[PDB]
Amino acid sequence: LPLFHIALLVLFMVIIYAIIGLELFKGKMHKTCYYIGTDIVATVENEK
Amino acid sequence: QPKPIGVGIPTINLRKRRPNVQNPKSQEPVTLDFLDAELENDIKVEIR
Amino acid sequence: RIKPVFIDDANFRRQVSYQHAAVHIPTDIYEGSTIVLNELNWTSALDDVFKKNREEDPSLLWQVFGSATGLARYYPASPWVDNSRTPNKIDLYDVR
Amino acid sequence: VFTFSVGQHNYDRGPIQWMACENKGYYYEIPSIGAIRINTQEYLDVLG
Amino acid sequence: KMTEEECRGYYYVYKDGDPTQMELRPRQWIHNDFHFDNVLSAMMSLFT
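Chain order of the listed sequences is S, G, E, V and A.
For the first sequence, PDB author numbering gives the first residue as 194, with consecutive numbering after it.
For the second sequence, PDB author numbering gives the first residue as 530, with consecutive numbering after it.
For the third sequence, PDB author numbering gives the first residue as 146, with consecutive numbering after it.
For the fourth sequence, PDB author numbering gives the first residue as 386, with consecutive numbering after it.
For the fifth sequence, PDB author numbering gives the first residue as 962, with consecutive numbering after it.
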């Protein structure tokens, strides 16, 4: 019970940061170099 | 003739082929039946 | 290893050395494991029969012994058409 | 009856080995694409 | 390969699990980074 104000603060902070990120980085991470004339993402051995 | 005999219409998908991976080749023999190297009669099947 | 002389010839539109017998070992088999070092040691007595067979009938093409361990031994010796990584392609061949 | 147990798993390879051992056969394990060429070609050593 | 005597030569690595797109890589008996050979390495591993 006594964690109620802390829970509300965490919820409000998560909401603010979600909205901020939604404004700034909305749709940027949608490009990666495939192979030319191919739909195979090109990465080195251990890269993600 | 020295070319390998074919089966079905060939279909290759370029969009899913890395550039340098050396997709392998075939080991099939050249098995061309007798009634497929000439025109088939009802007499040539008898001779065969 | 042996370094050959590799004269050129007809009946093989490539380079050929009639003095010893080549050897081909699948790429993913170690060339120096004990199971292949014996198949390389006891098959060293085939080259005499290879040479005799060709000396009798001079018009013979490849004579090959393909053992149950991948090790192939053919005569006359000739560089394999596909090295491991000297071209851009690899060699997926297996006598079995 | 040659019996091939393919892939990696936590199942019981007992009855399959028994079928192989009883009916003049052989039991092969294929846990990867690497071990496919040398396992699907060894049954000849049993037919000889 | 289950021994340091066997882990030599080259082997095939298949990209995307595609058995028709392979590369050659030399195999090597690699000792894990964090191990348990001595109490020093074991204390390091337990620390991590």
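Treat each hint with caution, since some may be false.
Taking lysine-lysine pairs in the DSSO-like style, the calculated list, with each CA pair at most 30 Å apart, reads [stated by the list, open to error]:
{"no.": "1", "chain 1": "E", "residue 1": "197", "chain 2": "E", "residue 2": "148"}
{"no.": "2", "chain 1": "S", "residue 1": "221", "chain 2": "A", "residue 2": "976"}
{"no.": "3", "chain 1": "S", "residue 1": "224", "chain 2": "A", "residue 2": "962"}
Computed, partial: chain V to chain E, Cβ under 8 Å [unchecked claim]:
{"no.": "4", "residue": "398"}
{"no.": "5", "residue": "402"}
{"no.": "6", "residue": "414"}
Think of the hints as simulated: they come from the structure by calculation, not from any bench.
Even for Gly, the Cβ is constructed at its ideal location relative to N, Cα and C.
Taking the hints in turn, this is what the structure says about them:
1. 197(E) / 148(E): holds (22 Å)
2. 221(S) / 976(A): holds (28 Å)
3. 224(S) / 962(A): Between residue 224(S) and residue 962(A) the Cα gap is close to 40 Å, so the pair fails against 30 Å, i.e. violated.
4. 398: violated (25 Å)
5. 402: Given a least distance of 24 Å, the restraint on residue 402(V) is violated.
6. 414: violated (18 Å)
The structure does not agree with the numbered hints 3, 4, 5 and 6 stated previously, though it agrees with the rest.
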